[PDB]
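The chain below stands alone, shown as structure tokens; this is the form deposited in one PDB entry.
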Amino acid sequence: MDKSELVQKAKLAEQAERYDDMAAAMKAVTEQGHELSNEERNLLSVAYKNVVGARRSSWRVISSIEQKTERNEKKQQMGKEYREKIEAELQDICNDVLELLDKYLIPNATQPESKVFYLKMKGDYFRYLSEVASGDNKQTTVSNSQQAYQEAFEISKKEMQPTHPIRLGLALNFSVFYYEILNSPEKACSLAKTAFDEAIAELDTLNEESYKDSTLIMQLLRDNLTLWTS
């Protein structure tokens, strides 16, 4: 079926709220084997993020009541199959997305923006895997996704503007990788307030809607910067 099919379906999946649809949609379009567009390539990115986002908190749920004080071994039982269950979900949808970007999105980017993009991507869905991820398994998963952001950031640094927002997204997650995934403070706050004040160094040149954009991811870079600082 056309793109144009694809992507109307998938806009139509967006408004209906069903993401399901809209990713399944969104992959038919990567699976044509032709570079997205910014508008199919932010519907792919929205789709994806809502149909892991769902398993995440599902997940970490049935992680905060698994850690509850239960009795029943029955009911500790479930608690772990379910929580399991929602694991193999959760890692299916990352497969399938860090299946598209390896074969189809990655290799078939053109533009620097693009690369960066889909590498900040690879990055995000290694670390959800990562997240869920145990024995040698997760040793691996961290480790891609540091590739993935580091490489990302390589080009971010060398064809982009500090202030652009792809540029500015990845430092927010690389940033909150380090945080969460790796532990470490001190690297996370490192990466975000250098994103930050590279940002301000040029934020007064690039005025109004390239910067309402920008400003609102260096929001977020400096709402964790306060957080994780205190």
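Residue numbers count along the first chain shown, from 1. Each form is matched to the other, and the largest set of C-alpha atoms that superpose within 1.5 Å is called the rigid core. Compared with the form deposited in another entry:
- The comparison between these two forms, aligned on the rigid core, picks out a single residue among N42, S57, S184, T205 whose CA moves by 2 Å or more, and that residue is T205.
- Core-superposed comparison between these two forms: the C-alpha position of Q139 differs by less than 2 Å.
- Once both forms are fitted on their core, a CA shift of 2 Å or more is seen for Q77 between these two forms.
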The other form holds:
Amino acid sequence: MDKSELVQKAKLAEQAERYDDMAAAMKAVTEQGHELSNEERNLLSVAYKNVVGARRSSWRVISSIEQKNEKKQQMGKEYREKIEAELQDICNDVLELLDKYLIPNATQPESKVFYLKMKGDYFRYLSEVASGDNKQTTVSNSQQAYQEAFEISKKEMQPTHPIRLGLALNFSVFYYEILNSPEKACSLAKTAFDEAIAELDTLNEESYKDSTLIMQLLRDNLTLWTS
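And the form deposited in another entry, for comparison with the form deposited in one PDB entry?
Chain only, nothing else included.
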């Protein structure tokens, strides 16, 4: 009843581009305790990626402006720190959702890699704006969530599984952008790409379009990071 209503509201909110509404509705579905279906899991992920993404995008614009007038620079810091506070509230809600509901209520290996990769993602977004001891904490938790998700995927999923591929794509981005290590980044990405291509027979009718798309994104990232 309320779940089906909330999912419809989330669908209407996404159409109306009101992604804060969409995240709120999908948050309520998650807090009802049940394991999210594949449609619900996608709705929640799309909602919060739009919600956190708006603040990441705003933060980046202000950051470039800051770097490019004593009182103006002082003001740029305050508006950026306002956005950073918003960023942390969004990530902490999502990471709470993961640690109380999504991850523990995750039963099959595929969902566990999905939600652990999510935890690494949102800890990574914190690391983009974090500082000091908080940054070292977020970086460690992000890297650890990615690594644990990575080990499960190597043991339970084919190299062409879109969740395994998208996990490798983001883990490589974590090495490039959060740590200052372009070589691991390029190293992880190529390996991931090469294993998927080495196993092109594993592509399945349900996601070959998604598998190939992420394979192409790994390649695009590799070109950008070497050209």
